[PDB]
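**Student:** So you can see what is in the structure, the chains are spelled out below.
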Amino acid sequence: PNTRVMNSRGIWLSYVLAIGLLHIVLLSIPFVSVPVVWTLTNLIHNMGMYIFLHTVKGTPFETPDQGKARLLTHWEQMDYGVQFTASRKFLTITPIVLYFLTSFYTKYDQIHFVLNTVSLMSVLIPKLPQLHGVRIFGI
Amino acid sequence: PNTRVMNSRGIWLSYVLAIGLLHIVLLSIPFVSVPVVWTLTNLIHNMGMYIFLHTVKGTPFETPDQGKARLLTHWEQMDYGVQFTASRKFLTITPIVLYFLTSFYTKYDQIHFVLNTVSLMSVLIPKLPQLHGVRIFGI
Amino acid sequence: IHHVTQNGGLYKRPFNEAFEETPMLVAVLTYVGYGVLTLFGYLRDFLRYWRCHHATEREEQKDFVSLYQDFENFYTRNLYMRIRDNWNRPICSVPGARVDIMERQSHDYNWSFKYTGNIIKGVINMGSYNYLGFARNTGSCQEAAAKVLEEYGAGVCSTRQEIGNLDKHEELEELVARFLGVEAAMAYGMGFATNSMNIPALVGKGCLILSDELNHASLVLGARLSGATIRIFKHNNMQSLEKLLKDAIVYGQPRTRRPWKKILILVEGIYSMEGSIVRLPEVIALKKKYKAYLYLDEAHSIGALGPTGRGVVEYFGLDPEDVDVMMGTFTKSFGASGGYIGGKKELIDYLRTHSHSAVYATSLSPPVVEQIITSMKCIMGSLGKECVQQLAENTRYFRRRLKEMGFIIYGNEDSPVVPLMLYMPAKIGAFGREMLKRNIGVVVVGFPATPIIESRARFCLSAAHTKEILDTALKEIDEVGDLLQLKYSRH
Amino acid sequence: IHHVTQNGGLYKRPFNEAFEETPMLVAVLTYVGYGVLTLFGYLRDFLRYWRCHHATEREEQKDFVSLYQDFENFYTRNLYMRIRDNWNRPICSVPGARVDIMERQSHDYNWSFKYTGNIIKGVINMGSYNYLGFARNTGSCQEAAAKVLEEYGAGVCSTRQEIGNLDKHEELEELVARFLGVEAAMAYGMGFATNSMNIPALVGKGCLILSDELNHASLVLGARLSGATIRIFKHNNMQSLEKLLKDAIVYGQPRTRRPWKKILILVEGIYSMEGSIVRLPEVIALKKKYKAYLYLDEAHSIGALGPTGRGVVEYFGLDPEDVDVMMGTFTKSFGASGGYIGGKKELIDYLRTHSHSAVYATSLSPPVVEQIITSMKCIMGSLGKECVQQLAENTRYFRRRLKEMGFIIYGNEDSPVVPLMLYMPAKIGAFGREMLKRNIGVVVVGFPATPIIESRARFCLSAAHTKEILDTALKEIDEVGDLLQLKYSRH
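Sequence lines, in order, name chains C, G, B and F.
Okay, so the first sequence: first residue is 12 according to the entry's author numbering, each after it adds one.
Okay, so the second sequence: first residue is 12 according to the entry's author numbering, each after it adds one.
If you use the entry's author numbering, the third sequence corresponds to residues 45 to 95, 99 to 428, 433 to 542, in order.
If you use the entry's author numbering, the fourth sequence corresponds to residues 45 to 95, 99 to 428, 433 to 542, in order.
If you're looking for bench data, these hints aren't it; they were derived computationally from the structure.
Check before you lean on any hint, since a few could be wrong.
What the hints assert, rightly or not - With a Cα cut of at most 27 Å, we get these calculated DSS-like pairs of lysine-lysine:
#1 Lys281/B x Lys100/C
#2 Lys308/F x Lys338/B
#3 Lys100/C x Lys290/B
#4 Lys338/B x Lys79/C
#5 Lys308/B x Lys338/F
#6 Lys79/C x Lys161/B
#7 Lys290/F x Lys100/G
#8 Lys281/F x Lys79/G
#9 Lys538/F x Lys308/B
#10 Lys293/F x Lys308/B
#11 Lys293/B x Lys252/F
#12 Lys538/F x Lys518/F
Claimed, not checked - Each pair of labels, with its calculated beta carbon distance range:
#13 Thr523/F x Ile62/G: 50 to 60 Å
#14 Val27/G x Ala408/F: 26 to 36 Å
#15 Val27/G x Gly85/F: 22 to 32 Å
#16 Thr66/C x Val76/B: 19 to 29 Å
#17 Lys79/C x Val76/B: 29 to 39 Å
#18 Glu393/F x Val93/G: 33 to 43 Å
#19 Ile62/G x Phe59/F: 41 to 51 Å
Unchecked claim - Some chain C residues close to chain B (C-beta under 7 Å, calculated; not the full set):
#20 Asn18
#21 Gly69
#22 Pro71
#23 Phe72
#24 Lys100
#25 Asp120
Even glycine gets a Cβ: it sits at the ideal position worked out from N, Cα and C.
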């Protein structure tokens, strides 16, 4: 019920292969280059992990806690709020690995530095534990 | 009794003027140059603040606590051990100001960087609060 | 004596429960099945920005702040609404062994249904709480209530501490106390209403409640209504139980560090989903070690465990005088409606005064009291106490039978509830239709009432099921588990 | 009624104490005075790596692990040993108003002394605890003990719960109880030995002690011997008192959070250094607000405060029945030796059983009991109760007199102890020699028994001091405070 959804079995293994499918899909595109494949897949991943963690709030089902986490997005409500858990740290290490392979590919270019950093920036900034409930002028 | 000795009145004001005397003494030396005056006075200060805080342990008098702080140097025993106090932070800010004026003088040289950093290094390293009681292979 | 392992939990018999961990390859495919399904939901609700027809909030003089969250209704219309043909089917007969089912269908893709005329007859059911087989309109057991019905009527128009208090009510409250072997007993209107109206009359503001992970919607709700701190321990984990139980005493409240006022434990006998029995003597041994109390819930357990089945206490052979308060129902072995509370006479009298339900709610209907009485008479001694030996034979036969057929089964082996594991959400939606083609109606358990990788189906065994009724069902399952490849187990 | 300010502390009179903060320019020069002195100590001890002559640990068959820390003896040989000529001078007369002092000197720079032959006579002292002037070998007051001395002897060879228990002991223990106005009283051998042997017989393991910053070496030591948590509050800071007192109840121990067993407070009437009186009604009002107890110490206060001086309770006019236990001595107003404990009869009887000193230590000498009795008789009614009106006149005259002379004085104005502020460590070493040249012997208080920038000198006023004795001393001070520029005050 969205508090044990990443604390389940093999969700970590399935989270990789979704990205691994998404790359091999993006690898087989005709009018594309092998640097900007990695540039694309680090942008889309960090787009998903913002929209599916830090934007949508509540549950797709109905919570019998009378909607306590109605005002809380999905990152904030994992494991009933205790931050330094076994599964939040897995969700923070993984975009960094997706930052370093996209650092390895594109050969350390300047525009591939700029575009692939602010995606990795804007995903870890809400994952600061002292940024638990503060929402910037909206949502 | 060495726990209220820096928590006294005007000890901060008198700590400055000892250094201020020590510079004007070192300023009036014939065969010396105005860079290495500042190089000398940042070395001697950070030598004193190691030997008078982190080396000598106990009290010059006799403690009626049956020698509880006999194994404790003077930094460790300030204010009965509570670290983030009003006077320890004054003792950490002051060598940094003595680092920046000796950064300003000598005109940012390389040997004046090397010699004036490791004095400022070896004085703040024991002032890490998580380095409370650990002593490197001796003392 | 079997096990006295570490906590002093003295066991007589072998325990033998089985929680087989789900396979790696099976689990990954589930999230893909939900992942494609959560994908089209955003697609479908995006298509609804212009106008399967909806309930259509009144425009006439309304359009205030909107009533529902659109997003909280996501799973009910994109995973539930697709396959909601099952677990809702109207039946039109006595829910015994063979059940006449009215047939319905939807050409609007389950958005609006329609009875044709059809009555699909002789359908073996395995999804009704009919353990001891008292759902019949025949025999002298139900006939006694007909004399009661023509005499009394069908319900008091009053309250227990008010006018409405019949001699039958006073008779039945005695009768259960001898059945349970406790001092006094008191019946209530429905089994849900018991826990939601009496648990708040026990614990107060400074109390602490140690409930299981998966109790019921009853036991959580009573714990919400009494303002009291609620703490969850892992399912049948005495080590995790004692760890909370240790820290509950050596600390107090979170804000103040005062001692707790009193603490107690909410556990059930037979958990309905993943049909398993609580490690009860390790609980009795532990509550005496820490001076806690104990609320027990024999909703499923009574009439199903112990010889001449009297709940889990006789099944462990223990005494009723160490359980501080016993609760069970009459809907789930007796074919009746309502529930009781058994306990000490001091406790019952306090709850005959502070009840929320004897003082506000109306009491039982008179003829269903008689259906409880005559059923307990056939147990206490006429389709009587031989059927519990039949059901335990039916339990133990059916439990080894699907395990050797390559299926995966949870829970204790002696538990009559048979949790059968699906994993894929499409395998939920096919299986209820598939068995219904093979003349059998079962109960499948969806996603949010489970975890993600549980999504199981469930079988209720019965003493009314004979061998030929049971083996015919075994034949039908053998095809379907082949047809859907749901042979997940290694053994 | 004067002040009822915030805590309910009801005041009758104006309070009027004065803690003038030390000047900025004065304080900086002190650290230079120590800074040059701590510099030569490392110089001097470096010179002692070859061989003012030392005590010389035996070489003969020794040289184990060495006995003392060299560094813990730093201040005693480099700041003390330089100027230790004063506060150690032998006197050879009755310590009344004029005191014959044997003269000594050292050519070895205070490392070894030598009496010449000289008896410096008629020296006005202001450093003896002779408030009510009972140090005389004349008059009928001391004459009564001579009858007691020739009769009894000079000391029991026994213990109170053992054989040694004279009628005088039973008489005196009555006599103080009427003097204090409490139920029962009990005398002890010396005033130091009282607190170090009875406070551990009261509080136990789970207790909490709230003592002042500067009590004595007595009251700390008794708090060390009873294993009990000790917490220090600021001097005469009821706000800092209540802040600890608040958190002492709303928390418990640090490890467990159990409640405390009992708590109490150690305060003194007149603090010897910085002679000041405790804000007592704000303490009585606060201990009733938090159910704490109270240990009070009238070592200096009795015979010095209140009319016909009976400690600080009559000086605040309050009742003796709210102080849970009263302690004072007989050395510091009566010219005797020993101390008492006053309290309730239930308390005294528990301490007549659990005493550490009535059961082990020998009791008082018989003739000094008589010197206590006849002194209290002259107070209770012959140099009697007129001298306390004389001393308070002498206090109030002398206290305004040095304040208007540009000196700086601490403490309450009505306090007979006169703390006179030095600051420089050389001004310690000159001032004791300087006044001794001007025929007056005083007491200077060194560094470690003070803070760093206190280093004061101290005057004990006396009722035996007349006006001409007092004004002659005022003349001598006027030169010296000019000579050393110790006119620190602005007013």
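**Student:** If a hint holds in the structure, say so; if it doesn't, say that too.
**Tutor:** A quick look at each hint next to the structure:
1. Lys281/B x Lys100/C: Given that 27 Å is the threshold and the Cα spacing comes to 24 Å, the pair holds.
2. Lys308/F x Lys338/B: Holds, because 25 Å separates the two Cα atoms, which is no more than 27 Å.
3. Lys100/C x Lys290/B: Cα-Cα ~26 Å, so holds.
4. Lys338/B x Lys79/C: Not satisfied, since the Cα-Cα distance of roughly 33 Å exceeds 27 Å.
5. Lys308/B x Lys338/F: 25 Å, holds
6. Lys79/C x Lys161/B: Cα-Cα ~38 Å, so violated.
7. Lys290/F x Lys100/G: 26 Å, holds
8. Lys281/F x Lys79/G: 23 Å, holds
9. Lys538/F x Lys308/B: Given that 27 Å is the threshold and the Cα spacing comes to 66 Å, the pair is violated.
10. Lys293/F x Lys308/B: 24 Å, holds
11. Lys293/B x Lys252/F: 26 Å, holds
12. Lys538/F x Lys518/F: The given pair, whose Cα atoms are some 24 Å apart, holds under the 27 Å limit.
13. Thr523/F x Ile62/G: 50 to 60 Å: Cβ of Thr523/F to Cβ of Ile62/G: about 52 Å, so the range 50 to 60 Å holds.
14. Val27/G x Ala408/F: 26 to 36 Å: 55 Å, violated
15. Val27/G x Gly85/F: 22 to 32 Å: With Cβ atoms ~24 Å apart, the hint holds.
16. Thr66/C x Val76/B: 19 to 29 Å: For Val76/B against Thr66/C, whose Cβ atoms are near 23 Å apart, the range 19 to 29 Å holds.
17. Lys79/C x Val76/B: 29 to 39 Å: 31 Å, holds
18. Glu393/F x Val93/G: 33 to 43 Å: 42 Å, holds
19. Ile62/G x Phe59/F: 41 to 51 Å: 48 Å, holds
20. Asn18: 10 Å, violated
21. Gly69: Holds, about 5 Å.
22. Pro71: OK, holds: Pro71/C within 7 Å of chain B, min 4 Å.
23. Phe72: At about 4 Å, which falls below the 7 Å cut-off, the nearest Cβ of chain B leaves the hint on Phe72/C intact, so it holds.
24. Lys100: 21 Å, violated
25. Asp120: 33 Å, violated
In terms of the numbered hints stated before, the structure departs from hints 4, 6, 9, 14, 20, 24, 25, listed from lowest to highest.
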